[PDB]
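A.B. asks: Given these sequences and hints, build the entire structure.
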Amino acid sequence: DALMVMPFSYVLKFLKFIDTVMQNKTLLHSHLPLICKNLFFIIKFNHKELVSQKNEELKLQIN
Amino acid sequence: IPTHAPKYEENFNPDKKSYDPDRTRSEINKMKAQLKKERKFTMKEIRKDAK
Amino acid sequence: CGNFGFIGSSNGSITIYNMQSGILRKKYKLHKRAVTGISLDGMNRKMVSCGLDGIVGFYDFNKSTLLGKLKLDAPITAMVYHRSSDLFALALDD
Amino acid sequence: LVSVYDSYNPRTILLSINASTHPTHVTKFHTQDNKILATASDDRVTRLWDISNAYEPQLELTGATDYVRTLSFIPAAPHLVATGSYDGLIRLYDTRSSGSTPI
Amino acid sequence: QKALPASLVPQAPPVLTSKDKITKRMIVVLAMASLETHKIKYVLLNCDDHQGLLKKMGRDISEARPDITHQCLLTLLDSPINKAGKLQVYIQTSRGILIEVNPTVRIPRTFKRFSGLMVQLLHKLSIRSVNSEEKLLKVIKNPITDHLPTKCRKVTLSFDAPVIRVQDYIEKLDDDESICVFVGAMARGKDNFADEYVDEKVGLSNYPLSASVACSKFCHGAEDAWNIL
Amino acid sequence: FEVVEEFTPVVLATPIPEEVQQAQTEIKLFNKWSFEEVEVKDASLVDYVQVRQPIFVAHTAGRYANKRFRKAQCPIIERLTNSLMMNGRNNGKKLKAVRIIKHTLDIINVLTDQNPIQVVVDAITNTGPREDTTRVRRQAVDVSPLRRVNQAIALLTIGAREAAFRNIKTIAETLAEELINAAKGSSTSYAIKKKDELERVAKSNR
Amino acid sequence: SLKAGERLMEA
Amino acid sequence: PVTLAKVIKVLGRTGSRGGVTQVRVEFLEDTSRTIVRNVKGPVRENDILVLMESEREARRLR
Amino acid sequence: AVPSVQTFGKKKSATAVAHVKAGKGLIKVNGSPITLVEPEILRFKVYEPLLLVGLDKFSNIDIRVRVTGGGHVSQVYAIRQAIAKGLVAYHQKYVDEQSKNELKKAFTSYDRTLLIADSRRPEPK
RNA sequence: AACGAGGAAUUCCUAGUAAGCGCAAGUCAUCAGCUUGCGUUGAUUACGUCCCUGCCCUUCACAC
Numbered sequence: 819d820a821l822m823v824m825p826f827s828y829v830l831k832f833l834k835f836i837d838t839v840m841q842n843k844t845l846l847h848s849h850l851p852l853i854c855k856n857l858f859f860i861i862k863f864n865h866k867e868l869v870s871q872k873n874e875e876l877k878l879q880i881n
Numbered sequence: 710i711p712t713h714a715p716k717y718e719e720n721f722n723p724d725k726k727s728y729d730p731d732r733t734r735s736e737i738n739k740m741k742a743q744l745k746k747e748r749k750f751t752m753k754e755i756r757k758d759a760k
Numbered sequence: 471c472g473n474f475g476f477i478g479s480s481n482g483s484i485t486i487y488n489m490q491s492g493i494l495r496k497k498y499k500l501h502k503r504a505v506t507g508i509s510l511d512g513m514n515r516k517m518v519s520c521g522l523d524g525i526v527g528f529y530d531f532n533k534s535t536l537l538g539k540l541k542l543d544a545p546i547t548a549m550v551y552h553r554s555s556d557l558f559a560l561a562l563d564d
Numbered sequence: 104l105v106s107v108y109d110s111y112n113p114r115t116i117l118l119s120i121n122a123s124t125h126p127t128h129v130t131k132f133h134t135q136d137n138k139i140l141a142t143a144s145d146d147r148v149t150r151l152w153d154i155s156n157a158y159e160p161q162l163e164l165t166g167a168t169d170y171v172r173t174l175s176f177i178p179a180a181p182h183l184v185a186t187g188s189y190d191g192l193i194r195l196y197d198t199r200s201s202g203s204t205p206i
Numbered sequence: 016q017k018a019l020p021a022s023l024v025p026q027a028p029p030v031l032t033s034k035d036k037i038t039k040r041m042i043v044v045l046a047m048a049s050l051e052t053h054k055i064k065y066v067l068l069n070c071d072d073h074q075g076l077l078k079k080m081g082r083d084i085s086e087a088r089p090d091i092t093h094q095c096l097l098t099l100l101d102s103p104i105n106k107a108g109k110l111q112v113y114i115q116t117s118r119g120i121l122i123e124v125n126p127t128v129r130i131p132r133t134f135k136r137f138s139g140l141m142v143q144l145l146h147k148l149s150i151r152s153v154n155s156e157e158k159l160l161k162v163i164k165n166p167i168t169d170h171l172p173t174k175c176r177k178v179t180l181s182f183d184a185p186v187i188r189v190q191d192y193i194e195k196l197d198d199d200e201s202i203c204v205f206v207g208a209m210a211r212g213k214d215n216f217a218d219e220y221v222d223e224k225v226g227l228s229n230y231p232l233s234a235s236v237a238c239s240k241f242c243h244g245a246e247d248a249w250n251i252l
Numbered sequence: 014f015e016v017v018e019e020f021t022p023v024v025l026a027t028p029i030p031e032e033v034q035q036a037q038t039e040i041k042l043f044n045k046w047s048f049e050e051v052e053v054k055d056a057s058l059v060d061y062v063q064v065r066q067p068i069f070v071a072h073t074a075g076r077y078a079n080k081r082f083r084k085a086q087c088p089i090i091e092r093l094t095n096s097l098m099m100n101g102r103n104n105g106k107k108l109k110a111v112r113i114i115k116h117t118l119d120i121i122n123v124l125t126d127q128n129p130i131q132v133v134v135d136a137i138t139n140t141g142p143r144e145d146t147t148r149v156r157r158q159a160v161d162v163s164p165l166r167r168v169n170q171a172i173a174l175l176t177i178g179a180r181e182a183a184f185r186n187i188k189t190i191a192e193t194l195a196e197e198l199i200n201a202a203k204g205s206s207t208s209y210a211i212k213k214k215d216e217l218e219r220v221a222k223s224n225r
Numbered sequence: 745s746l747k748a749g750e751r752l753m754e755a
Numbered sequence: 006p007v008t009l010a011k012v013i014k015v016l017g018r019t020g021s022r023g024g025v026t027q028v029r030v031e032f033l034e035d036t037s038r039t040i041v042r043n044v045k046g047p048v049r050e051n052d053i054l055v056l057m058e059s060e061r062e063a064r065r066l067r
Numbered sequence: 003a004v005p006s007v008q009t010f011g012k013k014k015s016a017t018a019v020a021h022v023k024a025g026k027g028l029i030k031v032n033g034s035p036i037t038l039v040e041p042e043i044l045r046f047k048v049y050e051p052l053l054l055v056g057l058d059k060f061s062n063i064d065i066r067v068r069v070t071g072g073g074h075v076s077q078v079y080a081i082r083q084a085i086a087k088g089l090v091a092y093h094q095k096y097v098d099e100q101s102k103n104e105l106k107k108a109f110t111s112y113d114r115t116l117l118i119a120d121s122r123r124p125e126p127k
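Listed in order, the protein sequences are those of chains Z, U, L, D, G, F, S, H and W. Numbering-wise, the entry's author numbering comes out as the position in the first sequence, counting from 1, plus 818. Numbering-wise, the entry's author numbering comes out as the position in the second sequence, counting from 1, plus 709. Numbering-wise, the entry's author numbering comes out as the position in the third sequence, counting from 1, plus 470. Numbering-wise, the entry's author numbering comes out as the position in the fourth sequence, counting from 1, plus 103. FYI, the numbering for the fifth sequence is 16 to 55, 64 to 252, going by the entry's author numbering. FYI, the numbering for the sixth sequence is 14 to 149, 156 to 225, going by the entry's author numbering. Numbering-wise, the entry's author numbering comes out as the position in the seventh sequence, counting from 1, plus 744. Numbering-wise, the entry's author numbering comes out as the position in the eighth sequence, counting from 1, plus 5. Numbering-wise, the entry's author numbering comes out as the position in the ninth sequence, counting from 1, plus 2.
If you're looking for bench data, these hints aren't it; they were derived computationally from the structure. Errors might be hidden in some of the hints.
Stated by the list, open to error - To give a feel for the contact side, a few chain Z residues facing chain H, derived at Cβ under 10 Å:
id, residue
1, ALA820
2, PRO825
3, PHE826
4, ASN856
5, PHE859
6, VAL869
7, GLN871
8, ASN873
Claimed, not checked - As a list, the in silico SDA-like pairs of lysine to any residue whose alpha-carbon atoms are at most 25 Å apart:
id, chain 1, residue 1, chain 2, residue 2
9, L, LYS533, W, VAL97
10, Z, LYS866, H, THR36
11, D, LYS131, D, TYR170
12, Z, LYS834, H, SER37
The beta-carbon is built from N, C-alpha and C at its ideal position, and this holds for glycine as well.
C.D. replies: Structure follows, in structure tokens:
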């Protein structure tokens, strides 16, 4: 429910967070199951608005 | 604009009553009120003693 | 459904009766020559007629409206309507 | 005041208009258009009322130097309005234009 | 050559009441009026006469002055605008009582009688004319908003607020609307009494203003604004 | 192409007037106004100002207080009538309200040639406020379409009732002028002024 | 105090 | 100019003030864009709200 | 025996008994034509069935409605319910069932109360 | 003389509910300064929220 309230403008902030967490491999495997569940839930909920955006930089981060 | 004066009774006391023009009317109102009290109080006391 | 019987007249009038009571319900007048075939789909929605004038009309049985009108080259003689596939074959005069 | 009653129902009053402080001698509906109502006063101004909006006149024809007691609407020319005063002048106005000055 | 009105006889302007809501009006709301009664007879508490008593109720004697309410209710009704039938007064007692003052009334000039009326006013909830034809002072059900005119502009007197020209402010303001002013009759305190009703607050002069002078000053401008003379 | 469903003229032993037969042709309010051409101008209010199902008379005896949003399905004329009956003295008296509504629709047809139902719908659309305030100070908030329809009906009926409480005007005629001014959008109508006040107070404290 | 979701936004 | 936005979801456990429901709307003009708003009356999914401003983002109102 | 069917309509205490028999569109309520039913304002309510399925069908039947109990409004609702149910019942018994289906569909399309009793039975909460 | 719908504060209320109308009965307790039944006309607003105020409860797979 907490992630559901989030406006989209913070989701881009949230995705930018996971990107930065990926560099630090220690954190990634320490909290891998949690990062996965939140990440995939953010994408499913507001999928429609995510794809519509044409920002290339967002595309690389998802890459 | 037309202007009218307020009507009021100096040293008004709500516990005290509206001044009545007719003294006989005021006095009999006093007597009726006393009668109603004493009938109720006597009527109340009679019942309790009977009980 | 076995409730409506259609009769095609030689003067171009299509009449609809009710089988259980035999009481006339509706009457379609499009062809000016003899009607030589009538059929109603399985859904009892779309009706098709053909007559010696060579014209095929498409009626909507439920709303009683003329959906469309088609003219062929030659007079039409007989019609078979395949309800499963919604194809019907006309034996034209040519 | 100009009062509009429902004919054959004298009890009901539909619209009441305070046209002018002076007497209102002539009150005629427009033949072509149903909504617009005309009024003539000894104020010498023939206000053009509207039944929907009663608070202000749609147009206020003026220019007559004497009592106006005659108003006429010309058939087939709904824009045009004809008024007559005791000046001896029959003034013709056009409602399509700005008005307030006889044609 | 515009004609004259048919009748030029002077006609008294209609008395404006809370029931009529469309007409343009100036409303002055004497908020935070200190009008309170207590039995000794019942007497309107005074900052000076009853100082020991009010201490017993524990209320600070600074905020126990109905004289300011008297003075404001003197100047307002006595201004020409009232005589022109364009001014109506409401009073919001600190305890929370909302009193409407019919424009017709003529309050006594000496303070002592005025105390007599208010104690009568609070208890009987109404005062009637000497000729007994209309109710000059009446208590009404809160909130003030419902009684106020439908389309109306609301402001307050804030010393901190920007100074404005009252005559300028009224002119720029729309026509079919009406203007309310919430003046804080209380001596000293935070200017938030009418904040929940009002939308903006304005100032009248860089120097401090008492309630009475503030009302008269605001009244004066409206009279020049509306050509009341 | 002709389709014929009636081969005999229909003459009933019981005499039936002609107007009720012209009603046989099409369903009309009080047998005088058609629902065919009315449409809600504002897209949002659609699905919450119900005019599609045509009714002869406002009385229906439906069950519109059982579920949360059943009220939307009520015909708008019936909701206006039900809101007409208030202030206790009128309570329980629906037939009198239906009479007032019949009279008001007639008056509206008179003063304005338009189909009166269109005027009613236009008033309900125009007058319904689009943003409101909530006490925290006040903070601006949006307004649901149903609550907008509710305020529209309530404001119109209250304004009309207060207009003719102690005036020579009757409820019918004052309601007529209220609905007409609201449909025009003019500032004269009580409802439009109240709506503008609400929206502007919201605007100040956004 | 702040609720879930709202704390995450400030974070 | 006033925009029309259809609610797509009525957020829950938002801790909003009583009678104020926090909802997520998508604009009719641009179906992709979404914004979170506060609604005062009874609201359900798929109904249309008239947004005066499309810029502000809803905040919990206590 | 002439074909005839009987139906009841009920609303609050009001009860209406309708006999529909082969006839000539002679329809009466309490021994008087429908046009005199009162109150006038709600008369079209009683006309709701007649106008919906078309007066042509009634041209071959006569309807006698006898109503007792309740007030004006409940009486009207009882009348309309009785008329609708009687018409459908007769069309079932002595006319094709296709017309029966058409009649039921039209009525349940307009207002289901014409066919099913509207009983606001108490519900505790 | 009193009065023209009733101030502050406070209480109750969600569908055949609020409210209006009359007609009966007086059923071993209560009631006629009235009580209880009966039918008639019959709405608006909410039917969500734990934000405030109170009360309460908790700390045999799969998946979590």
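A.B. asks: Min Cβ distance, Z:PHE826 to chain H: is it shorter than 10 Å?
C.D. replies: holds, 6 Å
A.B. asks: Regarding the hint that Z:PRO825 lies at the interface with chain H, is the smallest CB-CB distance below 10 Å?
C.D. replies: Holds: closest Cβ of chain H sits about 5 Å from Z:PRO825, inside 10 Å.
A.B. asks: Hint validation: Z:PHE859 versus chain H, beta carbon distance must be below 10 Å. Holds or violated?
C.D. replies: violated, 14 Å
A.B. asks: Tell me if the straight-line CA distance from D:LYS131 to D:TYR170 falls inside 25 Å.
C.D. replies: Answer holds: D:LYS131 to D:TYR170 is near 17 Å, not above 25 Å.
A.B. asks: So, Z:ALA820 near chain H? Judge it on the closest CB pair being under 10 Å.
C.D. replies: holds, 8 Å
A.B. asks: Any CB of chain H closer than 10 Å to the CB of Z:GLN871?
C.D. replies: holds, 8 Å
A.B. asks: Is the straight-line distance between the alpha-carbon of Z:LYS834 and that of H:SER37 25 Å or less?
C.D. replies: Cα-Cα ~21 Å, so holds.
A.B. asks: Would the pair L:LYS533 and W:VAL97 pass a check requiring their Cα atoms to be no farther apart than 25 Å?
C.D. replies: The given pair, whose Cα atoms are some 22 Å apart, holds under the 25 Å limit.
A.B. asks: Hey, does the Z:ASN873 contact hint survive, CB to chain H under 10 Å?
C.D. replies: violated, 12 Å
A.B. asks: Regarding the hint that Z:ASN856 lies at the interface with chain H, is the smallest CB-CB distance below 10 Å?
C.D. replies: violated, 17 Å
A.B. asks: For the hint on Z:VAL869, does the least C-beta distance to chain H fall short of 10 Å?
C.D. replies: Because about 8 Å separates Z:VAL869 from the closest Cβ in chain H, which is inside the 10 Å limit, the hint holds.
A.B. asks: Verify the proposed pairing of Z:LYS866 with H:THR36, using a straight-line Cα cut of 25 Å.
C.D. replies: With a Cα-Cα distance of about 9 Å, the restraint between Z:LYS866 and H:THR36 holds, given a limit of 25 Å.
In this structure, the hints that do not hold are numbers 4, 5 and 8, in rising order.
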